[PDB]
Every structure is written in structure tokens, then in C-alpha cells.
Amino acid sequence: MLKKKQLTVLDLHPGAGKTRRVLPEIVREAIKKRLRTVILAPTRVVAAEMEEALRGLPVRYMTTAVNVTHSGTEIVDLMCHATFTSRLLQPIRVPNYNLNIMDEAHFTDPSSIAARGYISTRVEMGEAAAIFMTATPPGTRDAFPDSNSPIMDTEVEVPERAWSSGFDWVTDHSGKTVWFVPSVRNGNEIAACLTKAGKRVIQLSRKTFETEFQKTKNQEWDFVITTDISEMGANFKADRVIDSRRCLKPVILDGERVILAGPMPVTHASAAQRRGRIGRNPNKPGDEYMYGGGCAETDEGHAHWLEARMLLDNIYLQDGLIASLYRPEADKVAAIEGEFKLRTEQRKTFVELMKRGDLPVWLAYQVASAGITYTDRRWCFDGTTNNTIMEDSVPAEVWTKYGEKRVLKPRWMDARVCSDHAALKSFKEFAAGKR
């Protein structure tokens, strides 16, 4: 695998030992061959688990999730997928890694897609080798892969709202369930219904993931209500998965706004990863997988692929050349390579709006491409009346940095800035000039 000019897809079934058994062997061989190596983790929780499996080995952990005293002579770097892409975007010099290992290489967040594109372009050019570790590579059509012990698969109606009757099977279970919901708001409704019924529920989402995941280990629970984030290597001691089989899809309408379409079916890779949370212990057969819908290829036209093209267009590769998307996922967006390439100052604003501003890639691009500087927030209030953001059935209001009370009405509308209460609270703070 380690031979230059080669991209290998390590596609062992979920729980086959790609992280705790295969990755340390690859690391030992890379160190023996003096290959400058990067290890890419999807999240900080996976980076902490990687330290446990790589313990003893000389690895430089470029994350504050690990507390290790580095020796200074490590030739292997470990960081999150988003850290890798962020460092490529910034003026900082990133080593031209000879070996690029991406764990959970199925992650469809814009920075993961961008990192796959940059890495695969370097391999195609003959400059490096790469290993993509995932049971579900782009284009998988099997929602029921192999497992460590047999799983009982059952197609069943799954509640997406609170219920009073008709789903006795959900609460009459005495084990631990991981339930995948299409959104934070839908998860709040179901978590509330389960709590009123006497259950102990933990809720997981992108913003709360590292903090709340620790609760699955620190306390006894009955249910874990989660969004699609738990498809990226999150491990639980569960005996059942309840899967709505639904997700939200960000869509760019008329090139002028982003909506959260759906809930709509998940891909075969997502359904296989959700199911993959159980059937992992060979000494415990009979783990249950209850699914409430079918699969579809809902990544075609999904905004994350257009956003990944916006990131790659602004990453230097070689003179005027631009990284292509990883070939099995390149058709998911209709995009001209180089069309989002920004001049130096606009690119600096684009990066800052995503890093400090915490804005979605598409939204950051509209603002920076319009020649607006990072601290200029006049665009958060000068949009059309149909762009009025609503809070508790009434228009959302903020005090501007000038001391004026104004209705939040952004020039460009991205439904992700107000998809839940935490999201709207952060966008109000941004519109106020608080970061």
C-alpha cells in the first residue's frame, strides 16, 4: 500500500479492526520506511481513541483532545479532517506528506470531501500514496454489510414525533438503543417523549458531540438520540439501533439561497454506518436493527459537494492547477473547477468567515465574493422581507454593534444559520458583531 502513486481503499466491514489493528501496523511500516505521514481523524473523540491504539508509537497529536508531551522527532502527524483542510487554506506551510491515511473516509462534511480531493489529486500526480479507511466508500449500494455477530434486521414504522400509542416495541425494550433522527429539533421531540415515559436519554449533535459523548461512558442511559454525526466512528455499548432512515439535505436554490430540504432518505453508506453501530461484539448475537424507510442517492445535488469545490478552488496545489474531487464522488455536483477561486484579500475574508465567523461555506463565499470585509455586518439586516429570520413565530431581533435594535434579515439566506436554537443564537451573536 505504502508504495508511492497508490491510493488504497481499506474497505473491511464495520468493526473489522481497521482502527485498533490495521492502522498501528501501517504506522509501524511508515515509520520503518521513513515516510512523512498524516493520520486524519473525523472528530476529536476518534483522535482520543486513536491515541489509545497507537500508544507507544512516535506520533505528533495536533489536537488539544490529547494531552501528550511530544519528543520533537515524530515523522507521523495526527489531526482532524477539518484541521487538515483549514491548514491548507491558511498561509501556513503544510508538509507534502508521502503517506496520507484518512480514517472514516466516508465523512460527507465539506472539509472531508475537500481533503479527499486534494489527497487523491496528489496521488494521481504521482506525488504521494494514500489509504482511505471506510467500510462504505463512495457509491456503495449495500445497506446490510457483514458484522462481527448476526444482526436481526426489521423494516418497521418508526415514530418521528411524540406518541401516545402504537409503538409499544420502542419503550418495552430493556436494553440500550441508539436512535438516528433526521434533525436536532426532531430529536428534541422524541427525547422529550421518551423522558416523560421514564427513560434516561442522551442527545448527540455536531455542536455538542465531544461533551455529550462522554455521558455515554460516565452514566447509565436507555436511549441515545443522535443526528448523522454518530455514523463517523462513534462507538456505543448498545444492543439496538432504531433508524428513521431519514436526513435533511442542504440545497442551493437558484444559486441565491440555501434551504434544508426533507427529511428525505439516507444513502446506502449512511444506512450501513447507522446499522454498523450494533452487531460489533461476536459474543453477543441478536442485536436489533429497526429501519423506518428505504435508501436513495440523496448526495446528488447536496450542497456539501459544491462547498467542497469552493474550498479546493482556494487551496494552492501547483501554479494555477486546482485539485479535483475524488473520482467516485466527483459527479455529485455540476461545477467548473476554478469558478470559486478568489483573489488574495477576498480569500482571507472567506477563511475568516468560516473559522472565526463559524458560517457555512456557501454563506462565507457569498459575503467574501461580494467584497465585504469580515467585521462589516450590514448584510445581516439589508435583505428582502422574505429573508426575515423567525424566532418563536415572531421576527428575530438583535442589537447591532451601533446600538440599534434591528430585525435579522440577511442579504443571503442559508437555513443552516437558524436550523435550531443553538444555531440561531450563534448567528444573532455574529450579526451583533460579538465575534
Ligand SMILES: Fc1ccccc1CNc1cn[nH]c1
Given for the second form:
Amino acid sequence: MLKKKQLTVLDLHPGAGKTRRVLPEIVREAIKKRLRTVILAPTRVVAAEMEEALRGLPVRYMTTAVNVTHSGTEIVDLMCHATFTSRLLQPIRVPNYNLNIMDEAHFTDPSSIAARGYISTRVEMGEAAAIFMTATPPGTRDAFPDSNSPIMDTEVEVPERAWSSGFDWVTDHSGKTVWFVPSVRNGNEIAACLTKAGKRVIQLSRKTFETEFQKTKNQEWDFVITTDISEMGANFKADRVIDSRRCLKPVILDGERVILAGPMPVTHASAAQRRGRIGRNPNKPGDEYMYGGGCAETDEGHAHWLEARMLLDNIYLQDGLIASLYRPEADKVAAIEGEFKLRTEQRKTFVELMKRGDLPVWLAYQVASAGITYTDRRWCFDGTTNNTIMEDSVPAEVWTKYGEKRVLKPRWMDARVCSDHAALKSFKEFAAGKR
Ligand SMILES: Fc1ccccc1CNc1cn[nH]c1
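Coords for the form deposited with this ligand bound, given the form solved without this ligand:
Expanding to the full complex; the earlier chain stays at the top.
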């Protein structure tokens, strides 16, 4: 695996021991060969599990998710996918890693896709080696891969709203269920219906994942209601998955706005990862996977792959050269390499809008490419009437930094800034000049 110009896809089935068995063996061999190595975890939760699995090896944990004193001598760095891409974008020195290991390498967040593009380009140039660890590599067509124990697969109508009758199988279960929903708002409604029926429900999504995931360990629960974030190495002691087989797809319409299309079918890779939360214990056969629709390759035209090009266009590789997307996922976007390359000052603005601003890549790009400075929030108020953001069916309102009450009406409308109450609260604070 460790020879220059090699990219290895470590595609053992879910729970085959890629993280707990194979990764420490790879790391021991890398230190032996004096290979400067990076290990990319999808989430802080996974970074912490890796620290436990690599305990006793010289690894620098570039995450506050791990409280450990470093020797100062480590040639192996461990950080989140997003942290890798973030450091490449910033005027911060990132070493030339000889070996690039990405765990949960199916992750379709823009920063993960960009990290794969950068790494796979370095390998294709003959500059480095890489290992992508995932049961479900890009373009996989198998929603039903092997497992540690036999799984009971059942195609069944799954509720996507509160229900009063007709789904007794859902609540009649006495074990623990992980239930994949397409959105936070859809999970809230299902969670409330289960709570009313006497169930203990934990809800997970991207913004709450680190905090809430700990509850699955510290308290008893009947259901976990989760978005697609639990596809990225989240482990549960569960015996059933309920899978809507539905997701939302961000779509850029007419180059001018982002909508959240769907819900629509998940990819085969997503379905396999959702299913792969169970069947993990060889001593407990007959875990259940109930699934409520088909799969389709909905990553085609999905805004994350265009956002990944925006990130890679703004990352230095070699003189004018720009990293390509990893070949198997490179057709998911119709884009010109370099089309999103910003001049130094607009790139700095782009970075700050993502990092401090917490804006979606697409929206950060529109603002930075328009020549707007990070603190200039006039654009949050001067859009067309149909860009009005609504809150409880009235136009949303904030007090500007000038102390004026104004309707939130952004010049560029990205549905992700108001997809739930927490998102819209964050965007209101942004529009108000509070960060
Ligand atoms: F009530 C005010 C007086 C002066 C400036 C602003 C406000 C409103 N609150 C706010 C919005 N952004 N930052 C602060």
C-alpha cells in the first residue's frame, strides 16, 4: 500500500475492522518507514475512537476532541477531513504528506470531496501514496453488502410523518432502533410522535452530532432519529435500522440560488452505510433493516460536488495546476477546473465567510466573488422579494448593526441557511453583524 504513486481503496465490508484493526498496522508500518502521514477522520467522534485504537503510537491529534500531551516528535498527524481542507485553503503551511489515509472516505460533504481530489491528484502526479477506507467507494451499486452477522432485509412502507395507525411494527419492537430521516424537520415530527407513544428518542444531525451522540452511551434510549451524518462511522448498540431511503439534495438552479430538492432516493452507498449500522455483532444474528424506497445515484448534479470544485480551485497545488476531483466522482459535476479561482483578497473573504461566517460554500463564493468584504452585510437585505426568508409564515426580521429592523431578503438565496430553526437563527445573527 505504502509505495509512492499508489492509491488503495480499503473496501472491507462495514464493521470488518478497517479502523480498529487495519489502521494501527498501517500506522506502525508508516512510522517504521519514516513516512510523514496524515489520518483524516470524518468527525470528532471518530477522531476520539481512533485515539483509543492508536493508543501507544506516536500520533499528533490536531483536534480538541482528544485531550493528550504530545511528545513533539510525531510524524503522524490526525485531523478531521474538514480541518485538512481548511488548512490547505488558509495561508498556513501543510506538510507534504508521503501517506494520506482517509477514514469513512465515502463522506460527501464538500470538504471531504475536495480532500479526496487533492490527495488523489498528488498520487496521480507520483508525489504520494493514499489509502481510502470505506465499505462503499464512489459509484458502488450494492446497497446490501456483507456484514459480520446475517441481516433481515425487509422492503416496507416507512412513516415520514406522525401516524395514528397502520405502522404497529414500528412501536411493537422492544429493542433499539436507528431511524434515518431526510431532514432535521422531518426527524422532529417522527421523534415527537414516538415520544408521545412512550419512546425515549435521541435526535442527531450535523450541528448537534458531537454533543448528542454521547447521549447514546450515557442514557437508555429506544430510538435514535438521525440524518445522513450517522453514515460516517457512528456506532450504536442497536438491533434495527429503519431507513426512509430518502435524503434532501441541494441543487443550484440557473447558477443563481440553491434549493433543497426532494426528499428523493438515497445513493446505494448511503443505503449500504445506513444498513451497515446493524449486523455488526457476529454473536447477534437477525438484526433488522426495514427500508422504505429504492436507491438511485442522486449525487449527480448535487451542489456538494460543485462546492468541492470551488474549494479545490482555491487550493495551491503546483504553479497554475489545480487538483482534479477523484476520478470515480469527477462526473458528478459539470465544471471547468479553475472557473472558481479567486484573487488573493477575494479568496481570503471566501475563507472567512465559510470559517467564521459558517455560510455554505456556494453562498460564501457568491459574496466573495461579488467583491463584498466579510463584515459588509448589506447583501442580506437587498435581494428580490421572492428571496424573502420566512419564519412561522411571516417574513423573518433582524435588527441590522445600524439598529434598523429589516426583512431578511438575501441577494443570493441558499435554502441551507434556513432549512431549520437553528440554521435560520445562525443566519439572522450573521445578517445582524454579530459574527
Ligand atoms: F439595538 C441596537 C443598537 C445599536 C446597534 C444595533 C442594535 C440591535 N442589535 C444588534 C444587531 N447587531 N448588533 C447588535
